[PDB]
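Shown next, in structure tokens, is the structure this report addresses.
Just one protein chain is left out here, and the rest sit where they should.
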């Protein structure tokens, strides 16, 4: 579970992302596609060239969903209800890929927020993304 | 995430297992140690040869916790609380290993339930063991 | 990968008893029941709405035959699994866009089906041998992804 400390750390760290949310999401995706090519199997319909409108756009959707999550961290199953439905019934992304994007999201944050990415915050963020991932996969079966 | 159908299925299957639960527990561990040798790393204090009384003993305990879980399949986190502590803070089994034993428990049940292990019951048992695994690792951090 | 001589012998021995058509359909069907998100690749296959529907689906049965046929053929080449499945690997990536994680799931379901079908004869040593085999086929099938 996310502790109160986790919740403060995530709000602090992600609050700092602020208006870069889009850019960071896009970068996290690009990192994932390049580091973990099997993930590209879910986006055969995307221009996956560096800087594509599609990736930059999906980056923002992902980041905004995260901002949503952070905003309602105490009630994530409800805040992500439509999205978990979307992943469960339509997209059907195998759960293992959530760990791949989550890791690339951490790497992204680490690269952009040198001051904010402390060991304790790194830990909280990792638990946070893991918890979001759990919500997003909670309705798969 | 365990539906009433899943609970019914689990109870039916584990009911059939009945007094064999203990023997199957040891068999599942043996299966795990041979199929996934890395799991042997947690038992440097056991003799792991076939027929080993230490494996038999550990198997009985494992089986009993599952029986206890089945009996409290509506209220699992508390039933397994002491086990969550033990694993989280003393044993410190990497969470990846719970999937390996769960798979081996499944294989063991498959090998002993010709009639019962239908696709639907297979599905439910798999979910149930994932749930048990989740509860056992929920205190890790 | 890297089966011992005796593991090779156990695989060969059990596989002599396997009805590849029957087992392929059973395993592919259970994949879609136990991990329902895997149905995402089988939109055209018709009725997948219930377990009995998935298991009895002729298109699932048919594909099951082919899939486990290819598996069976690869058992004749346990030392060269990458080369054996390179063409199918390229297929699954470039044309079918199948997450190789699916190969691992099928492998594990196939192990459950062998255990279910053969009972005590699917001993823990025979299971170990099959676990190496399915991990190797999955790896061989994932190898040409990019």
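Descriptive notes on the structure:
Labels A, B and C are assigned to the chains in the order they are written; within every chain, residues are numbered from 1.
FYI, a residue touches a chain if its C-beta (ideal position, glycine included) is under 8 Å from a C-beta of that chain, and two chains touch if they have at least 3 such contacts.
The omitted chain makes contact with chain A at the following residues, 27, 30-31, 34-36, 103, 106-108, 110-112, 114, 117-120, 122-123, 126.
Although one chain is not displayed, chain B still touches it through residues 37-39, 41-42, 44, 88, 91-97, 140-141.
The definition used in the following text is that only the chains that are shown with their structure count from here on.
Averaged Cα coordinates give chain B a centre that lies 24 Å from the centre of chain C.
Between chain A and chain C, the centres computed from C-alpha atoms are 32 Å apart.
Annotation for chain A: residues touching 2 or more other chains are 141. In chain C, the residues that touch at least two other chains are 34.
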